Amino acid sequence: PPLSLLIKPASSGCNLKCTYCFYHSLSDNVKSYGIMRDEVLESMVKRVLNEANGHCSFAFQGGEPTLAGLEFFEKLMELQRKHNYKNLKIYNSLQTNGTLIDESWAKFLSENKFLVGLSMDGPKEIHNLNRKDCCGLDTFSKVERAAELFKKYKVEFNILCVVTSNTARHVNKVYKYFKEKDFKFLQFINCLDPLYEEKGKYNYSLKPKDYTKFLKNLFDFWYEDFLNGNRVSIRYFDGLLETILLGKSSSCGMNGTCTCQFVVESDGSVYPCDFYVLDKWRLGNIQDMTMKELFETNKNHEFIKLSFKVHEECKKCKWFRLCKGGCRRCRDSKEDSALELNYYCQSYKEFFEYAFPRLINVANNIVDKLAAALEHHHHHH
């Protein structure tokens, strides 16, 4: 089929220590496999190019993927050029904290048509509250520097903003900052508490009541801009529009059930979702097994099967066709247990009662522009 992989080329290694981050190697309660060896990179690229049909996608995350260094990415591009025997279209993307981006990176990413996700939580004070370096110092100016480089070198990028309780209290400041910077492709990621911990216990924790307030305020700002002919693409609202018009969404977590994301750690180990890079969900190694073999594992089958359970409340919900129960990670409360109701169920219900009337209007407005914006959240065209 088409194949899409999420690769951690520096594993969980990172130069920052964001308060809410459970992905980095120096973080809460996460082993690092170091930098992906040339041999593992080559194995992975050739395998995807031989086994994919239609197209394939390589997404580089972590950890901070720029820690693998620019040479790693140059070798990636040489492998893609040499070994794409089927002449597939290849999509490449990079999610980065931005702090190591310089002119050499910006030129490389522009020249090689990468789609970049740049993590920025809002204006200076909001961003710096949680996104601190390993010495505990500020990072916002370095991220702004990366965004300016991306603008100068015409790199395609989205902003990835984590929604903490602070974000929810200050939607106006966040939305206005991104507007001033002319960042028109935004993705708001709900702050997740560490897996299987009791939810809502940290000062940054996004509780359901906070998330309701966030969604309603953000929608009002977005809709106002829409009425005034300023198009701002917000990934969730666009996913709602595409669910309304197409019956399905391009975003994992909006379609009711899980997919195998083919997360590849730097040792070549494979996992089904980036929220689940854990030994009990380790599918195998990409050096040893085909993508089909990995997908066909008992572990993958089970991971996907667990998400098909529909909560009883959802079956009767007026918004079910719109929401579909949300992302499995937001339903996974306890180790080895059946999924519960989405943590944010109440938030979605209240937001939908507030926003559904206006959502249709925009849905009736759209068309090619909506599909194109939605694609920008997924891959470089």
Second form
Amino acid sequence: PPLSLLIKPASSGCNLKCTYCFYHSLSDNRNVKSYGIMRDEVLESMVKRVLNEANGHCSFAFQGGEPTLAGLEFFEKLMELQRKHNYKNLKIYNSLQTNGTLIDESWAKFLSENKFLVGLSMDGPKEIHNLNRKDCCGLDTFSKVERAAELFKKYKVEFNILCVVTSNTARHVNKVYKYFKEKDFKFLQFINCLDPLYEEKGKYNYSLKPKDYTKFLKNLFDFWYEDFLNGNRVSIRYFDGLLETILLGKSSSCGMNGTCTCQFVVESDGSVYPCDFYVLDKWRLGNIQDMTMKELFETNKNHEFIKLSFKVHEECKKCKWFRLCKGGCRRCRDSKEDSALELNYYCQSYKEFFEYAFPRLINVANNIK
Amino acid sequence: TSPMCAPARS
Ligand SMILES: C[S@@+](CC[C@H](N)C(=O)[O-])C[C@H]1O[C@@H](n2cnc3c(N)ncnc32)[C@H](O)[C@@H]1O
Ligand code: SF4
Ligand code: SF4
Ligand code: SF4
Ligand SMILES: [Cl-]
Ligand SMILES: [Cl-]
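Swap state to the form deposited with the partner chain bound from the form solved without the partner chain:
What follows is the entire complex, opening with the chain shown before.
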């Protein structure tokens, strides 16, 4: 009201085996629970509840897992439900985050005609991408992802690139930025690679350490700002979010406002969680078939989840960048179960990045008003 | 706001 949901229509099921992914079962030692494909009755109950209860507008985002594994027919059905049951004539936004490997002519057409905003996961040029994003047999995926982008350009699907920043990304910002430029990808989101929740940090070859992230951010900013000066505008979600915070005092990105929200993550059995990073039994709010969205929001579990994020670290209280950074995403402060949050893992990276980039960030903000 | 690992604009 408005309502935004993050739906996993094929649960944690996926066809790849990306090395850093903790959203899909990779092996005997990294298992993730799967509820299978969302049944029609759950999808129907979910869609009608959102249309009945939202005010203003609503948004349905499909992730996972690989959501195309639910099949095109599932999304056909989704659209049919939205047409028939939107009694309030709400504006509806749909979005899909995909590995792109199963995208074909049919998918591209459908996503284009139905105005989906699509996020396509691509870590950079061939070798960088393939290093971590492998298929079930350990083989390469980059060419199949390029094929999806090609189909999206052909059918005029609106899409953003989702790129995970690993230690390797930090060593090759030039290759990554230039690759995306050459492909004319104008909307980029760079996601810090997370180690698995509550594991000791920085133990994997891909692990993004704070010194790596500092190197990544400073260099990325330079390429971006050079483009800005030359009149080539590239949207980088993190920088866009800093600009919003500078001009408006708030950001449209979760994790940049200093406190958590309820993202209404819906697993394929209809179970609901407050954040994509926290699809765990201890944060299971209830089932969307049997509770109103307000009831889910008002649960003690959701209240607790959000309130834990209100704690401000002492360093943050005296930090010059507090009103810009706000302590960052709670997931990067959450070091051990049931313990109080601590200082953001990337605190040092933010400080050093701000010292490097703030003067130019202000220049951009002044120019976009 | 919008989730971290999801497509978003502006
Ligand atoms: C979990 S995937 C689900 C949708 C789809 N399978 C895909 O890859 O785009 C959503 C996004 O999360 C990213 N992701 C996976 N593991 C991550 C990690 N350890 N840290 C940060 N982002 C990660 C993926 O690369 C992808 O961009
Ligand atoms: S394709 Fe997406 S869900 Fe599947 S393993 Fe890779 S990042 Fe995880
Ligand atoms: S953990 Fe981060 S992404 Fe999740 S709700 Fe909190 S701020 Fe948002
Ligand atoms: S830079 Fe560090 S100390 Fe400053 S607000 Fe961010 S997390 Fe807190
Ligand atoms: Cl390849
Ligand atoms: Cl970004």
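Residue numbers count along the first chain shown, from 1. Under this definition, the rigid core comprises the largest set of C-alpha atoms superposing within 1.5 Å between the forms. Residues that one form lacks are left out of the comparison.
When the two forms are fitted on their rigid core, the residues between the two forms that move as a run of three or more, each C-alpha shifted by 2 Å or more, fall solely in 25-29.
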